[PDB]
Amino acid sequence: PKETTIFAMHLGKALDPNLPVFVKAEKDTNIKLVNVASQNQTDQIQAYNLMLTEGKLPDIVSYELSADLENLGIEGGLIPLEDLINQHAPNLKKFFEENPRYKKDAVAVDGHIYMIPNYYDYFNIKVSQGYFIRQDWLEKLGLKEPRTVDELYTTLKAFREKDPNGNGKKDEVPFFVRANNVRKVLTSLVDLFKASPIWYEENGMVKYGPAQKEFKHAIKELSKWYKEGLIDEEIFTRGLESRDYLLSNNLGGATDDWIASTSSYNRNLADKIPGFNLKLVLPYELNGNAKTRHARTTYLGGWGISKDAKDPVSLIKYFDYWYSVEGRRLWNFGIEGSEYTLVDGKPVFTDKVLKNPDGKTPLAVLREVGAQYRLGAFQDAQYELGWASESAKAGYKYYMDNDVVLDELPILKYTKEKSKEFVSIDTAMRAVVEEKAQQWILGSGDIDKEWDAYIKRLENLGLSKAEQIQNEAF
């Protein structure tokens, strides 16, 4: 065993190296992680920024924001990995040969690799969230499946007014989302209206979604729907438990959320709510547009080796372990004999994952054992196919075949100087967007009177300078 310090968090939770997956990795690698993030920290961004101030860097630095990792590397806080990989990491070396896009994702603008991304299995599943509705409530109310945003409005109003859960109470929550910050609330609300709260691509050009006319229209409509009780009153204040809470209590009528986990509730709730059918639909059309911008990026965050690590060779071998057949299987599937067994040589999940007795989704079970824990690993779509229901599996194909998903932006890279300029604009604009969007949706103020002042407000923070940086990076 080697004590190896790490800064690692994901989904609000510091890595516990005694989770089943990491106990197995420790046994296979002789690397014993010790986390410098503590079990009480939940805000990964603030924990990371604080961690940079605390003297020596941990041996391994994992982080959800890859530009900050490349900046740390340009400053000399993380070391270049590409020669270590060449000499000592045959699995990563092979992976970079077989995957040009992923290799390009790992190279900073100065030509060094400062981090190994945590890659989605992007070329096998790139769809992410999809639109779902209570087909059993549609049938109960004799309603057609809505296809346009206007039809969705009519349906959600019916869900609010007509007691589809049959209890004589006006408790229905027609539309809800699942989010742990305001940006992610907006993400699952404004895409209905073909708007975006982030930067996106239009024909090779990068634009800022909150400055676009579609966003104004999205906020105006959401304001109306919120006043009429069509949108969850508590939309900005629930955490990630919203979906479990609203579905298991038979309150939620419709959502926009990840396809496999959201599809898991039909089987999960089949006994507590007879006939529960939360069904995938294609994105609703608005003025001829049937597209969704919900898509995976090629990766999310990454991890690197700091200049303070006394044995960087043994750490790149640790990084490489996760790209071996057994390491990548462990990271994705959990523990052989517990989460899965090998059937005809390939993992098949057990009832512990597929039919959890407390009603956890399969993914929530896997996260409990330390699987899918974002670091610098390569997700295997065979794991997602392993637990996805038949209707989730058909639904990836339904979204792909109908061509409704717009590809996400590549993760953009910067020099350290351009990153510093961009974030001082981008983070300030973010705060304005989130302040005004909540204010407008919650019904204070008036977007029509206020829009032009808001746009000017973004411009005065440097909107056009950030637009220039984003287009140079793309």
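So that the term is clear: the rigid core is the largest set of C-alpha atoms that superpose within 1.5 Å between two forms. Numbering follows the first chain given and starts at 1. What changes on going to the form deposited in another entry:
- A hinge is where C-alphas change from fitting one rigid part better to fitting the other better; between the two forms, that place among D232, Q438, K216, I125 is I125.
- With both rigid parts superposed separately on C-alpha atoms, the smaller turns by 9° against the larger between the two forms.
Pass me the form deposited in another entry as well; I've looked at the form deposited in one PDB entry already.
Below you will find a single chain and nothing else.
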């Protein structure tokens, strides 16, 4: 009756193996997954950390933080995969032969492969988030598109104060985000100010975003915008339904979010909110700086086979199934005759995905059947092109043609001892950044008074050492 245990979460949800996509993989592979993440869990980091203190690791370990996952491999919790691939995973073997660049994302410094990344279709679509504004609200209030951060401030104030949704209530939420943890909340707020909450490249050197003066300015500005009601008062708690809720109730004025799914709302709300026009704009300029650091990475997270799995050969065959023509189509597009049909050998989505009766993104519908569930699969840009609006496709080209996107820093790989030390310092600093950034934005601490002590705290945790490690690995 053999069960396969897994730890898998994504976007705050424990994987449900009864979703249509995984029922089909179960039928095709004979693998019956049982999640050791339970259905009430939503914090993937605390769940993972807790799972490690179990007795046994589950057979398959999926995690979004790939440096942590690779450290589990280095420590022996995840087994090397390269011989299992070479002998039992022909689709993966072919994928790695055909894509050496992607193969290097998977190979650790000691030469073993401890995880299959979940790859984006990066050499086809490299942009990710873009800035959007309610063009219909600008028009109703007689305003031009703001082009700098200060004009955006004035525009958001006017959205807040001048009832652009026309209902006689002071209900507007001028700028909002969509995220399921603090780092991703900060990701969609500090880039406005040319800052970053993570590591980034500056002229061949690697630097920590939160330790920079542009991060202090971003936070101090956000704190002032928060006090004046220009950014959602619930930025940190609203969760992943923020965008659906704020847009569909005609409260949200502007955001920074993934281009294809944010572009889906014009069609989706066309009847419910006449004239709704949430429109992509180039990143607002800050003293002539036109750049954004929103770019797709080559992969996100991954999964590996634990040292405690009884049957690693049947598990590597499961990993491989997702790389056949059919398994990769299943993962990306969902079920034939439900989410898509074949027209000339190629999938065309149905109205269930493209014209959801209740206002759902096409991507939201696809995720409800288990498509696009981050594990260790290979995204296919044709799935995204199959539901992306014409304004989404023009949007990608808009950001590329204007050269506003700075490439993401690769996630770097380190030797055994440095890798353990880097992830330890990086995680401890991340906690400090998220604690202080919240207090400063929410108004319970004063950034001007506390910034220097905050810097000393990061330094005392090891900022210099992590920085040295990042620059050796670069």
